[PDB]
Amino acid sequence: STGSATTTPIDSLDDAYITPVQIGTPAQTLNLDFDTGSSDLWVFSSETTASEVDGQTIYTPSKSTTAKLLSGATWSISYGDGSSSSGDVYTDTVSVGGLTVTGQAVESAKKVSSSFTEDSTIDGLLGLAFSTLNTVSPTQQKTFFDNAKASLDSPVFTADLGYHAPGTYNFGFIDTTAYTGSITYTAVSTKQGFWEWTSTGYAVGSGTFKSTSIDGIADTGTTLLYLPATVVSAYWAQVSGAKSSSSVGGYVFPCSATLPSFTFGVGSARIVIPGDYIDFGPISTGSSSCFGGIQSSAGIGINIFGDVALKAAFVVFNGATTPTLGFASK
């Protein structure tokens, strides 16, 4: 089997992407944030504290003939941006782009933090990291991909995120028409539960490529590119008027600036992030200062290849017995 679903930016900055997911019988379609940096599939629901729901579409398990309560089970997650959610657990039938998993754990939110409430466009998350990060207790549950794997034509999914445009998540096949040139594959460590790999270096604009190992994670659920302070300083030093602002919370630059591209290494191959992808717009409405899309990872404890980087590539998440990552230009 295979599946193919379109993923759509939630706003004009590509802050996140939502993908329609069919849950239950008859189908309830919710727009979820596919997150390769976490491993829980959780949804706003009929159980979510009413005051914490503001415009989201909710899953109502009592209206699904295939929903089953996982007796005694609970879940609780905290994300890197400080947001969080928690609740109880159902299994139900879940379909993505035509691919169906029966008995998928669907984590029903009883409580969500303010940033989730305040985002009316995201109805929940669908985790695509390794199932070792799943937060269900007492017994951890498998991700959608883990459950689907044995049914898939090939044990892979691909992320093809758009710049200011829709893109695609495919399951079980590689669309050879979706990229230019060849896919370069690189090793993955699952030791921390992430799609963790080592970039071979970087270049700033037309500068010569610097060969240096940068360990990080491929994370579709993170908006920006977070890299070591050395690398980030080298980038913003090439932008007139750019500076790190502790009050704003990162590098800012004159909105009138022309941003250089940023290149990262995948083995001997290279992915070029155009300068425009690095512009995340005015720091506040009407400001002539803009927020940068490449920021320091110092204090995160990990480098994150988020959407700014991934949307410049066609990305293969190869869940074979020994997982790998593949990157192509497009």
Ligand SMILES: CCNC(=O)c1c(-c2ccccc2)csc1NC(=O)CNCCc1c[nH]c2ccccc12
Second form
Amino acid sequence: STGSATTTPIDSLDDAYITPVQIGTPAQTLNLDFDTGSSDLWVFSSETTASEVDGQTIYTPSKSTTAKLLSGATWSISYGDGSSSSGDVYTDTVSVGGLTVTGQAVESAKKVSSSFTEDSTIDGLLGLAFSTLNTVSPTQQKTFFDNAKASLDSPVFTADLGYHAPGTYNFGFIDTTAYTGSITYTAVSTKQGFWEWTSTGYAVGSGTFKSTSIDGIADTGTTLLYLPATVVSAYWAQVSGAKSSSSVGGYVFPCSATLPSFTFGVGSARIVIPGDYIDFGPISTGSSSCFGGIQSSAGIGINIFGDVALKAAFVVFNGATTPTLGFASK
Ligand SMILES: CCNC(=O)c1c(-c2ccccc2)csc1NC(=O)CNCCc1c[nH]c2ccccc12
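Having seen the form solved without the named molecule, could you give me the form solved in complex with the named molecule?
All chains and molecules follow, beginning with the one already shown.
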């Protein structure tokens, strides 16, 4: 089997991407944020504290003839940005772009934090990292991909995120028309539960490529590109007037600037992130100071190849017995 669904930026800055998902019988369609950096499929629901719902579409398990309460199961997750959510668990039928999993754990939110309440466009998250990160207790649950994998034509999914435009998530096949050149595959460590790999280096604009190992994660659920302070300083040094602002929480730059590209290495291959992908607009409405899309990972503890990086590429998440990642230009 295979599945294919369109993913759409939630706003004009590509702050996140939402993908429609069918849950239950009859189908309830929710727009979920496909997140290769976490492993819980959780949703706004009829159980969510009412003051914490502000425009989201909710899953109502009582209206699904295939929903079953998973007895005694709860979940609770906290992310590095400080956001969180928690609740109970149902199993139900979940479909993505034609690919169906029965008995998928659907984690129903009783509580969500302010960042989630404030994003009316995101009805929940669909985790695509490794199932070892799943938070359901006392019995850990599997991701959608883990559940679907054996049935797929090939045990893979691909992310093709658009810049200011829709893109595609495919499950079970590689669309050879969706990229240019070849796909370069690179080794993955699953030890931290992430799609963790090692970039071979970087360049800033038309500058010389610096060969250096940068370990980090391929994370569709993080907006920005978080890299070591040395690398980030080298990038922003090329933008006149750019500075790290403690008050704003990272590098900012004059909105009148033309940003250089940023290149990262995948083996001998090179993915080029155009400069405009790195512009995240005024820090506050009407400001002429703009927020940068490349920021320091110092204090995260890991580097994160988030949407800013991934949207410059066609990305293969290969869930073969030894997982790997593939990157192609497009
Ligand atoms: C800044 C978002 N990323 C993280 O927190 C994160 C971290 C992390 C750890 C410590 C400090 C900062 C970041 C490691 S892996 C990792 N990746 C994820 O956690 C992926 N899931 C993001 C879920 C998420 C958090 N806030 C949102 C708001 C809208 C849509 C999705 C979200």
